[PDB]
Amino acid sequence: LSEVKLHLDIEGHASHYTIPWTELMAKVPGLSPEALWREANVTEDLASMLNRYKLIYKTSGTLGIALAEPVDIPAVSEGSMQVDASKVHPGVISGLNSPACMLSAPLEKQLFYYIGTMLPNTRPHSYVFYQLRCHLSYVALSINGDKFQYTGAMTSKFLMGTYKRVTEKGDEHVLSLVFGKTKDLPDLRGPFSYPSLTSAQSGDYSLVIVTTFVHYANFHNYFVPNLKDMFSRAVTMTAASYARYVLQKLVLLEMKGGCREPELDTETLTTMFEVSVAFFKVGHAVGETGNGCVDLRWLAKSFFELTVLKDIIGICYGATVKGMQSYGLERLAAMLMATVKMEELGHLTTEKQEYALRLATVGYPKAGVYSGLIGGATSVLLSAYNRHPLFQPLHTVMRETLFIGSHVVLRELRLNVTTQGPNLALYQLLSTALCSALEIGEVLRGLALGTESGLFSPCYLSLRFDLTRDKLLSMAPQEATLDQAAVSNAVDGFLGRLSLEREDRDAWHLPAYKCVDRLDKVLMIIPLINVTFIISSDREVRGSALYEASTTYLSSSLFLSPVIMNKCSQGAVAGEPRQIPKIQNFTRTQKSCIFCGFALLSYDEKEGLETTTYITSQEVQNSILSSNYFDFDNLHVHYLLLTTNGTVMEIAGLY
């Protein structure tokens, strides 16, 4: 090389500076000025330069709008253990309750471990940007048969989503959005300026669009984004909240037919960008704290949301995510899961219950499928089901807590076999008890509108199989203020979300499943201690016993097969089915838990099974008895009782 002096006339007369190459080039290896000097066509005739400047789409205008940055990462907690993500020592953190933050200097090194090309030399970028190669993270997906491609590539400083389409003939229409702090945007190359390319800007943030006028025309046929809201949504929200925002859209969409064959419309392409931002905001807020330390509780939540978002983007688009994962955090989280007694996680406050369940799923990659996490999610559900007024729709706070813990469990049902039969089948039993006509009511309403209620329900992971379409229609919101089309849709998705096949998170994990001849004739499966029951219209069953309530002369059947010790038999019991022994000598006042570990079913002769309760505690029993639950005024409704001894007993009256 050499050294170069720059003599520049500014203010009328010479001012000269000196550029040392040798010196600069050794302090920052990876600088290649001769490669940059090439990328800048320094002998470009102003004719050729102005032609290529008029190839890039310019933005109308639409200068600044007052947007407030939120408060995402809090200041370090009072006297906190600052954890170096590289040196993750055991015992560093004792308990959950102990304050803890993770040093943000070596954490970003793990999130952004990759090095790849951020700015290619492909046609749309070779004109505007100086080529780049840096530490980065990218989400990348492919739809429409590897023809339309998206790559959201990000650093701690700015995000670039790049859309690309192929037209069955070779051509490639490319459009890229650039989001980040203005001063932190990549270096422009030609005569270009960012104000000409800015589609929205607010208080050191900007959204830049980079594409050809031609390519801009192509996309406008099927992609008209609301770039103002996408900017206002991306700036004003916190990293965790925004992450949840995206994953709800995809989770609700996936329950519909929105991901088996996704379309080239505005919405799906928009959400593709929203997906990338959600990963960017987290890595951004971490990198944007400089050398500091990030509250572990904040990390527990933000990266929980990324883990669930990462998952749904994969089972929905088939997307790949490289980066935004730190082994230091996964080791740190797993450490705190050896602090917790999973048998008694539900005994903690419902904030540390959620702080534990969020570390459980952040720390899964290096935890193993034989960790006692299942018991922790089962514990939380039990403490919740005790403090829940029976047959009511779950509250806002409870439904959120259970949603957090559910992902762990769904990684058992969607995991070929397990060793958690006791706890899993208990969680699936309490889930079957929680979802009643009014829980379903609030879910369909929560689905029709799109609110948080339709995201998760214990009915989703329950053992109920009698939920036909017209069965749900008798439970839907009837309010004219709602849209019946959305309510009709909401039923299908809710019915699509439980269809046993092609879902794979429902069944085939219970050892009592074997004793069923026809698997479509089952109605409900209650596992108790030492027994499970298989309620169905199917007759050919290898249960030990077999009962038939007098269902009606309309409906197929109602059979009750108790499987003893979760072991089936060698042939369907023969001869006319048994009779359910009725019980009148039973008083409404008790002082003991005699129905502990017993399920109490409630069905109708025409409608079918209506309500299920599993009596886990003296409180659950007191609620049933002291309340109006026992209503014999309607002759069509009977109240079976499922013991642990395998007997079914109908209560026809009390004292």
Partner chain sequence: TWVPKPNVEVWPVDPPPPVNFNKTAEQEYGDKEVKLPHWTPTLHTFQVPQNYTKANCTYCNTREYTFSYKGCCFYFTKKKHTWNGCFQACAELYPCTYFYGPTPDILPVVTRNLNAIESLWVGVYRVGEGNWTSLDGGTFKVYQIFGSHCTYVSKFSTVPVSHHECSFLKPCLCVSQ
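Numbering follows the first chain given and starts at 1. So that the term is clear: the rigid core is the largest set of C-alpha atoms that superpose within 1.5 Å between two forms. First, how it differs from the form solved in complex with the partner chain.
- Residue showing a CA shift of 2 Å or more between these two forms (rigid core superposed; candidates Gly95, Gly368, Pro581, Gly571): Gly368.
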Contents of the next structure:
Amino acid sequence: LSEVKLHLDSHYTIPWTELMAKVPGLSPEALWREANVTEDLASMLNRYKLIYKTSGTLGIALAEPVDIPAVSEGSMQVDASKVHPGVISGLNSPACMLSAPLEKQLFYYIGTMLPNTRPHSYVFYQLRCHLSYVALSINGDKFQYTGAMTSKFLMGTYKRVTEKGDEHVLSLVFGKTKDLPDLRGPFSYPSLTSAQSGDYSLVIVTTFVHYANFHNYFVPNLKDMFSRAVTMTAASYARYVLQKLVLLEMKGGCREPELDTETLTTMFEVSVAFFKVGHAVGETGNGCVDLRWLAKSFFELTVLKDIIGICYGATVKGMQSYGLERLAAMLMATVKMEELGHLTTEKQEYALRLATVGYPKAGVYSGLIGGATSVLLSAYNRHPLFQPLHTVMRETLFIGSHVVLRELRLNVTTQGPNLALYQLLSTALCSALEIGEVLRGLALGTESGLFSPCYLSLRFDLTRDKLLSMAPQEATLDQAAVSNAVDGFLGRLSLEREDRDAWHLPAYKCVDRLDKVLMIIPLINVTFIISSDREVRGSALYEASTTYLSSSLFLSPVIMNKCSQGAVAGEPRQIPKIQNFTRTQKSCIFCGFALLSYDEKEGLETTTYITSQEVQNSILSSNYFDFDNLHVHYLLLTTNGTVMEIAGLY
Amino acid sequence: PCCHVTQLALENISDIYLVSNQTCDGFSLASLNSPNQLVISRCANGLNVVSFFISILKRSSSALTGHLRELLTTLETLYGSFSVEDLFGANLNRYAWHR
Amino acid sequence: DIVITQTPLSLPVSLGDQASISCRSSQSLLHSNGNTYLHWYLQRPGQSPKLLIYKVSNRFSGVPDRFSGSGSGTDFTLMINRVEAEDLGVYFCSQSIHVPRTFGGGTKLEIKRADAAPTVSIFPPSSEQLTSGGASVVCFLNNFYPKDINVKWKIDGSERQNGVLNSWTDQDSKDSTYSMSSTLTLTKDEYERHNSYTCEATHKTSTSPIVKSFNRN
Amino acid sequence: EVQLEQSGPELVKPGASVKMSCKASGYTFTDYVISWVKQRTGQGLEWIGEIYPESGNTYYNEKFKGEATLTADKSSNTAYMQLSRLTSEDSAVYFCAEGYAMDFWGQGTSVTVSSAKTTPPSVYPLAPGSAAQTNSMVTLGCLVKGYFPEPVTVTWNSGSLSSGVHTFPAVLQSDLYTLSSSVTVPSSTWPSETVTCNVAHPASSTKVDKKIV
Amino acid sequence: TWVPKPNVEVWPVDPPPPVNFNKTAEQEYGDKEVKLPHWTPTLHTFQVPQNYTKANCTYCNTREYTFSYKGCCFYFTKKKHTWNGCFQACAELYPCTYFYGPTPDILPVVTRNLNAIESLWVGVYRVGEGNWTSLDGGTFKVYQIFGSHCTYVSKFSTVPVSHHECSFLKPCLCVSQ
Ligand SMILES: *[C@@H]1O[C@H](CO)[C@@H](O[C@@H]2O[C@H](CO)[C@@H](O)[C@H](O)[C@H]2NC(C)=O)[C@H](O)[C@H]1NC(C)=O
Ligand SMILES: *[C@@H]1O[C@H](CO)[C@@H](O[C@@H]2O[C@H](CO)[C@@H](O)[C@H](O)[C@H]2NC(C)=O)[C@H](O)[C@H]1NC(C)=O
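Right, and the form solved in complex with the partner chain of this protein, after the form deposited without the partner chain?
Every component of the complex follows; first up is the chain already shown.
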């Protein structure tokens, strides 16, 4: 409340009220009382020696990747604040969102970034900025992590509460050096930096006593974390973290979370993933961001937000633009979901991304599944049969699967018909070779294990010893990791448990014992219940030559998804055999049907859903029909509700 | 000259003087005072006073008139000129008297 | 209390010489912790004392480089490198740790010159004074070096010690010598009882006192 | 830098009151201290009665409590000191100094106490007297006895005879001052030329006396 | 007569919801102002039940015991139990059995019958802030790193190890005579 003169050797005069009112809400009083101007050097030094201080770093040169692209030719610049229904239509029309109004929605909230709590009160002037935060707590709230961030720097704070109540705290600051928060008292940044780059730096903030407590179980690879954080792109980085969690939720990670170096490391990496996206949009200098980039980046965060919610119950407040959700919703009104799979692969993924970003947690617009199912269907007719998918196709189905996965969380059916179709196609694609590839990706941690159509299938006959048979027999692979992949895989298809596996199909209530179900084939106007359960309330009961031992193999057609009063009585029906059937067929014939291949002793082996002429021609022409093995049979499931065995051809 | 720091809020302060690191063998001290005469100056901790102002200018980078944008840089460099190390073994009460 | 001891009490120096002055303390002079509060002052003749060195050996503002404090613990020393005229005076020292501070003796810094004997002169009482009922004898000891000197009044051969008042002068700005008047105050009656009044000056230069006397006649 | 100002000298009678002021003007730091000390003519420094104007706290000694008190004025920082029931032995010069060193001293205030009324000086000539020779150069003198207060100035032939002159410091006897002055004169210039004594006591009169045998 | 059928296709879907096109940013987000989340953990405090404590009698069965050493029959619970809830899980497992604390001489024996993957609670605990002890007593060197109060062992455990959250499910080490 005046003007102050500052001399040192000329002299300067710094004006308040002026400037102070030009920039709100400065308070050069709380800061004055914060800086502690009557602090004797003895008191200051004692405060300096409390904070952990690092050796430093000599360089570690790193290059920032080209994340956001240049403005895409004649794009329609969109204002997140004022996204009116004014055309801007079509997946092909170039579009970009203005960075300023977009950043205003991402960091809409405001709060205190730098607490008054120890040890932060010693090192930092308390800061009040626009921010977003990722937060979580575990072990009965005894271990907490908060990842508060701006568009300029991140700060992840760990906090552990012992039994006695001692609270140990450790904070990691990441961002551009110049953009780092303001330092209080004698502290300089070089002494606290654990990794530095041309423009970026990773700072650690804690006390010597606290750092001693964390270092017994938490030895970060600060160098590697920093490299990844800088050198990677926002989407590529967000996906690196996503896999970690997905592969961690199975194999029993987050039901009993551990205070491990890897576990605690990932928590911070979650923070960076959300920070990198916002940091990229802010570091544009009043420009616009292409929509194809936004879709891919915010899809990764949307998928990453659900996984941290399921695993840790984490919360995200920020990095959510409703204007983007609005824009993604309009574009989905332009294309027909029933034929989405008829589009380019690039445009397929582009739409499926906007689908999840535009319609977060489904249950509202149940038409998203039609798109995802149009993609898997178009993908299924061109895919070579019984093969282990492909890198590109696995990536495309992974995107489309999240709209399906979320509907499976809801106990409601969510427009059944298509959801059953998507699951039946997924069932046809889980063959012996797809499983082996997924397992190999879990043993090596590669991309093959992140997603498989076999996860969302209607196949419940996969046991441990059955997956062990399909496991990589390579001697070079780690015997341990192979044994775990089978457990992890098997842990992803748990029935009563898991909760993302069944019950939406009306035909499931017509079953007596759920643990005896082997597979469900929902065809048009009929769904078959393949099980070892005799008491299944269907329309008929076929029994296929099983063999002594085994349990039994029943095929119970449920006509129109309406149960029967009770299970059929009397000896089950015999599957009629067919020989008067030629290998050459010029039409379809068999469209709408399912073709099953089981082994008398080993059980079911392959499933095919004759969806088009291309699929059937692959069955006949190829060496699929091999009658040399007596213990193998081929069952034909008709939409009429009949079952038949193909015993030979002309 | 140089003082001792022992324990007037910010509002009645007209001038504030900062020493270099050579003036007092490495210590960072300041002088707070109010505007025949005899001005009584309250002494303060330099690094905390210097750090205080630096935070002000940064927080208001959009309000600098060009005269303050220069002040920011001078407050830096000076701040780093003081070695917080090489202070553990030095006598902190060099300038104390104790009644 | 905390006594303090300076030596020498008088230090004759020529211009350009080197001076050394100690201030031995009775008690340690450490506080918080190795901050020894010992200070040196200089009182030029006729002026207010001023600070020279504080905290054992820190040059106060305006003090030339030739001044330097030394020593620690309980025995210390002040040193003047090449004495100048403006450095003559009295050098005190003080401690501020224990209450009271206490000061030191003085250590006068004086000019050194060649030995000179005093020129003694005795004056019998003045006619005007006896008319007033009083008689005071005067004895001037003028221009001698060093300053140390004592007088003995002998009346009829018997030493006199009652009723004598002495005055000494400072170093003459030019002669660099000293001077001293010794006035023996008596009564007109008591004066007219003894005949011989003697003024004896014992000095360094003279192994035999200088005697200047007179007889009432 | 701190500069101090002290009250003028005061001629006081034993039992009266003298109040000295020490005005501080310059630049200092908070909780500064003002110290008081006295020295008798020809003697060293003694006591250290500290007062902090702001704080007001005071540290005297075994003396100068009842034998002195220390006030202060914060409006201008004057730090008063006074003392009444004063004996002879405490006639002296009282110094005021700022700082814990003490850094900056004041010109001082000399207070002389004595139950003596102003008394003009009596002048007597100091002639060598008969039965004396005094060859080459004769030394004459002037006796100034029984005056109060100080000072007095003794000159010879009114400004002449500047070289070879001594004027001794005043001694106290019977509670009145007294001093002598000497002049060394070549025998050829006396009694051939008149030599007179010019004693001045601006508190009253000046006497002129002629040197005669 | 094998009548041709048509290709499988997706079932039509209803057009999407409208979308606003209305609804302010304040209706989408809350209050703008925020207070970062704090957590008040409810720290339970444990003490020896005193039922159950060490067993008084000395019975053992040879057909169902994991292994023997000297004169102690050892058992591993087939059911996963919380550390605190294993004093019961064992007193009711077999007659005169208690929650054992592996002494240095016997600790290696217990780690040899454990796989590389599995863990095992043990009866070494901290009543307060001093002296670890079992139901038999004694002083145990514990690799303390967390808030303490409960310990487990593993294949390569030279000493009992403290745990951060002792509501986790592990088998339990229990002994008879
Ligand atoms: C400003 O400076 C002082 C210097 O110590 C800071 O100090 C300590 O504060 C705590 C209470 O917060 C006291 O218990 C200590 O006694 C203080 N130490 C000493 C040596 O006095 C202080 O934190 C700062 N001011 C405030 C209000 O915190
Ligand atoms: C304040 O103290 C530091 C160290 O005593 C001085 O720092 C030097 O600056 C030069 C470059 O200008 C660098 O080579 C070194 O960092 C230091 N010099 C040497 C020889 O090590 C600093 O100069 C001092 N401030 C001033 C004005 O001199």
